[PDB]
Amino acid sequence: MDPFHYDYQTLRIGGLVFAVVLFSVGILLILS
Amino acid sequence: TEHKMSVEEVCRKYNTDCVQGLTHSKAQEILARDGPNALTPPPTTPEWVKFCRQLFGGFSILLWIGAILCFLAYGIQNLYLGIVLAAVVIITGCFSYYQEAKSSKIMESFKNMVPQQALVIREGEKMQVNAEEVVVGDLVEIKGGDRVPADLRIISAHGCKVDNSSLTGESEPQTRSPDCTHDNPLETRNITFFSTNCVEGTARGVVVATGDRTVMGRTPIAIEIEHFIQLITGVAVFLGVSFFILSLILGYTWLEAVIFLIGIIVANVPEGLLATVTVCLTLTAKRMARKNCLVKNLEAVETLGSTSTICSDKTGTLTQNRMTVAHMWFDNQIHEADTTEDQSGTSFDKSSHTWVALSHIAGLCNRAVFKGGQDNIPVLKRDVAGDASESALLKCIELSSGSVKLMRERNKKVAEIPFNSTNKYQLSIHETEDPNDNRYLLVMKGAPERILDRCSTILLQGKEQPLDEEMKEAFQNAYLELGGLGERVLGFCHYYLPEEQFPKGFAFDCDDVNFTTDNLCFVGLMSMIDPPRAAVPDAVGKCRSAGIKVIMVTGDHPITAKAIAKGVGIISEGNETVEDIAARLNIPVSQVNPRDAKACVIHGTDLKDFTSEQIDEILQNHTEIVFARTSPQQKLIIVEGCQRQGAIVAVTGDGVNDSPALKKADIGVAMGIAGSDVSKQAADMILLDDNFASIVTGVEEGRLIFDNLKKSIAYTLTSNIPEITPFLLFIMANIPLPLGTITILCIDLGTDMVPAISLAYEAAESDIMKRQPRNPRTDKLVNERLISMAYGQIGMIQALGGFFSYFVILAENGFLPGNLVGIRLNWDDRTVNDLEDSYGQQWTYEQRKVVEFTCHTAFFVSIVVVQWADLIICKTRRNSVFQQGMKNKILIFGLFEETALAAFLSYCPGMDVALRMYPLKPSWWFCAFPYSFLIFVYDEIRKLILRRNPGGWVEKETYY
Amino acid sequence: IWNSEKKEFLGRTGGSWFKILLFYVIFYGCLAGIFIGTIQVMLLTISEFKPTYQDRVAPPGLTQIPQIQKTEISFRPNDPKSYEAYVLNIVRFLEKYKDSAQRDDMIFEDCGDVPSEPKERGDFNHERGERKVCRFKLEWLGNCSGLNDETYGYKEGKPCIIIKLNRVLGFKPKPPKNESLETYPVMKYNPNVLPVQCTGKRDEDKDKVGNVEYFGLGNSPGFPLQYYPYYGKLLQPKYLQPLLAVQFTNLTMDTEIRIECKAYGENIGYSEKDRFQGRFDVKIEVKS
Ligand SMILES: Nc1ncnc2c1ncn2[C@@H]1O[C@H](COP(=O)(O)OP(=O)(O)CP(=O)(O)O)[C@@H](O)[C@H]1O
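Residue numbers (PDB author numbering), protein chains in the order written: chain G, 27 to 58; chain A, 32 to 108, 119 to 259, 272 to 1013; chain B, 16 to 303.
Isolated chain G (complex conformation):
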């Protein structure tokens, strides 16, 4: 409600999940 607090540590979790997904997809692709 207040435009002075952004919900970090939730963006960080999403970014790390996305990076892990990309890394796993690349590793699986090299193994195909």
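One or more of the hints may lead you astray.
Covered stretches of chain A (chain B as the covering partner; in silico rule of three or more C-beta atoms under 8 Å from a C-beta of chain B) [what the hints assert, rightly or not]:
| # | segment |
| --- | --- |
| 1 | 840-853 |
| 2 | 858-865 |
| 3 | 891-903 |
Derived by calculation from the structure, the hints in this document are not laboratory data. Heads up, the beta-carbon is just placed ideally off N, CA and C, and yes, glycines get one too.
Chain G is already provided as a structure; the job is to place chains A and B with the ligand on it using the hints.
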């Protein structure tokens, strides 16, 4: 050390029987004791010395010391500089090691890919076995054109000349004799030195020393890349020093200035270009060697992509070299051999003694066996050791005769001269089978027209007939008829030595010929059809479309050479020679205009009297050339004369006498299954199989290397502009710095250096063999078009994408682009803690720095996003991605991994205190998507324009 | 570096040089076209009265008015030329706070003389015109004994440093909802003020630090809340933010004093990395 004394005591010392040799059981018994016959290799590095050589060695120990000093300085109170230095050295060294420990491993495989063989005689049998396990006792055999396996004490020589060229270095071939000549082991004649090639003749010796206890046991592309790297590094150092001084003038506490200098230097130079080039060459060498195409040096890989002429012989290369007899000719009757087991057809009469004389001339000149133990195996499919024409004649005779070895043992030969290409005659003196007339037989073998002039008599239906002028015309007509079918024939004849003129005890001399070899009779000749290889016509077509001029330098008659050329495709349809044109027009060949014929057949005899200008004009004014009945010295003649007009000529050779031609030619191609060791070691390229389609495949690989290298270099160079432009605008326009040094390292030492390897695995384009060969002189790896396309068309769009992202973040946080100009002085001032933004708010220093570092991070992310499309468009430089496909998975792996690294660096907690990288909102990942799409669309359109109209302005000024 | 390369008989390393330069000019003009278009399309999606993101502007920092190069205030109270820079900077800042420049003209307004609740003048949009601003009187700071409207630290005493809170658009500071905090003024009242304190750095420096005096609106240490929230430069030009003059009466001569000033509150936060967010440090010393 045993040449002084006789052979009986040397042979008993090593427990050897001179006639037989060593038993099989004793071979391993002595091998396991003494060990292998090979010189001890120099000691190998423990595989961690080179690691530290590349990390802590060279010009990197200074950077390591600086990083340690910066870390210490941070500890007592700075950290950024230490992290930057440590990252630079660690990543650069590790990458340079990974590409050096791979190329070395691949090149280690070529030592044992082709084996070294020696001809040992053990237990009364000669076998071609690897020369590593040569024991110090067995009896070995050496033949002209081979290299000795170990030190040999000659026991039975046959005029064998051994050229050392390794101790003395003199290329003069020294003859070898079984008798002692000098007490000095270094210049005696009994001893043959180790690792010395045998030029001519054949000698048998007993090995006295193996392994260490022996006499011997006591690229342009890289240069061009290095020059370009040195030039760009000079420019980078100049710019970096200038801007470092300027930053000090502006005032940046001597440590932000060093960071600026490091950022500029890292951004302006490609840090992994040379290792990438080396690994590209090595990977393509392995790919070439996987197919039957082996290269000795890495320079032959750089060449062979600019090949414009192939001078390949006929037999073995353009034909399978497994000849089955088809036709005969005797008594003016063209007979054909029916090879059926049941003897069907009965087209030929066997009872005539002309055929028994034919077997008695063509049955004992051959040196052919069947390894003794063959039962139930048909004579047609029985394996033979020897030549092809030899033992092809035996497959012919054995269907009629019934004794593989009995009849050959019935007589015995007293004279023997090995068949040689230059001498061309095969002679042997045999005792007659007749018990009342035991005369001495004489035999002939070679070119039918070269032997016909040696005969003034000819058998006809049973009895000799005098020299007939019509007989010569009949022989020529029969030769034409048999050669028109793409067949090679052998003309041979026999003569009985007079009984009273030559007493029946005379020794048959070898050097000084005393037997009459000028007035013999003539039995006949037979055909030996050799069909061409299956994949050869396709290879000749591929060469024709690729602008490679194929020249056949054969060694037999012009008619059969022309026939096999026409069958293969060397002489294309609709193209005619001057003699065929004259025959069509019934015109004398003298007055036929030579400009109406583009194919020519050159006889070898006429080639000896042709001058350099005549050879040059013959090569220049013809496109389909064959050289019939030539010798390897003449092969040197064509090889030398064909590169005088800017050609990269690759020639094939297998004999001992072909070595100067192979050395003179740009690419010397030896033979892996039929070539002598001299040619195999004097060449830059070995055909694991003699196919001539493997030559074209190797040429295709050599062409592909250049395309892949150009693509990788262009992709690596593209990302230099967006990493140097932000610093340019940071001082020219006075805006907050949009790119830090760690970010520059991530752009350069990250998404640029490492994914460039993935472009080396790209498949060959559709038109790879449909364009003219590259010019080694006027065409370079790095040219103005590549620099233009990298630094002015793609780099600028990438920089625009990064700057758009930077402006988006700065505007969304308050600082509109209007009042960003000229704010650099107050922005970077630590004493100003109330800087006013566009909306009127006031920021502390560490509150503006967070926004600036987020801008840096999203600049990095936008560079990654645009380099997605930059890597996609660099897959092809002539075709389109939609018609090329995403075949290689290494490229997609690189894309996913660079994006994963980008998304991990920003979002990982605790990375905003070490690398100064901050998380960016999800909306900011799509800032550079329009510019990536623009890059893709622009290159697709440009390549479509290039394909539509070749040779236009786009190709002239943009086709890198 | 060959001389036979500039102009043989046709041109300078190319034919007429025209098509390549024309192509590059058209290409770069087009690229500037897409860049300008994309920048404009981006500017369409942002607001004119409030920034898209304001989380980066954390609880606003605290700043003192004498801009000092190395957070040090070192001066000899004998020579007037030693403290000329500080006095000049204070005067340049306070020029806009003089009563001669605060005339209504449908711009300024007579604000309360005691701290009051925040004045919400409407929403952060353009249905109303330009907003009015509460006026600040320079006489509210004053001095215990000296020249009238004096902003100088003369031979006696120390320059009266002016403490100001950074402006954040649409920010309403929240005073703490408690009593007997680290701030112990003579008259302590939680609402309508943002308490500030100026103590020493350490025990060794709290000695002989003197009795600091806060000269603000209502004679209580704080920023009166009637001046908040800020409505932006476009909507509130000539907006006078509250000030707070702090004067150090007696101090040790020729002894460096490290003083840390805070601003306690509920919205106000503190960061370890940022030394100027919600608090600040100063260094003072007088030379004999
Ligand atoms: N062992 C042999 N004995 C007698 N004549 C032979 C022979 N081998 C080949 N010939 C014939 O004599 C000539 C030998 O010359 P050469 O051996 O160099 O030609 P070639 O048959 O090997 C074709 P290429 O040079 O392409 O391999 C040929 O014309 C061949 O028909």
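### Task
Check each numbered hint from earlier against the structure, then list the numbers of those it violates in ascending order.
Nothing - there is no hint that the structure violates, so all of them hold.
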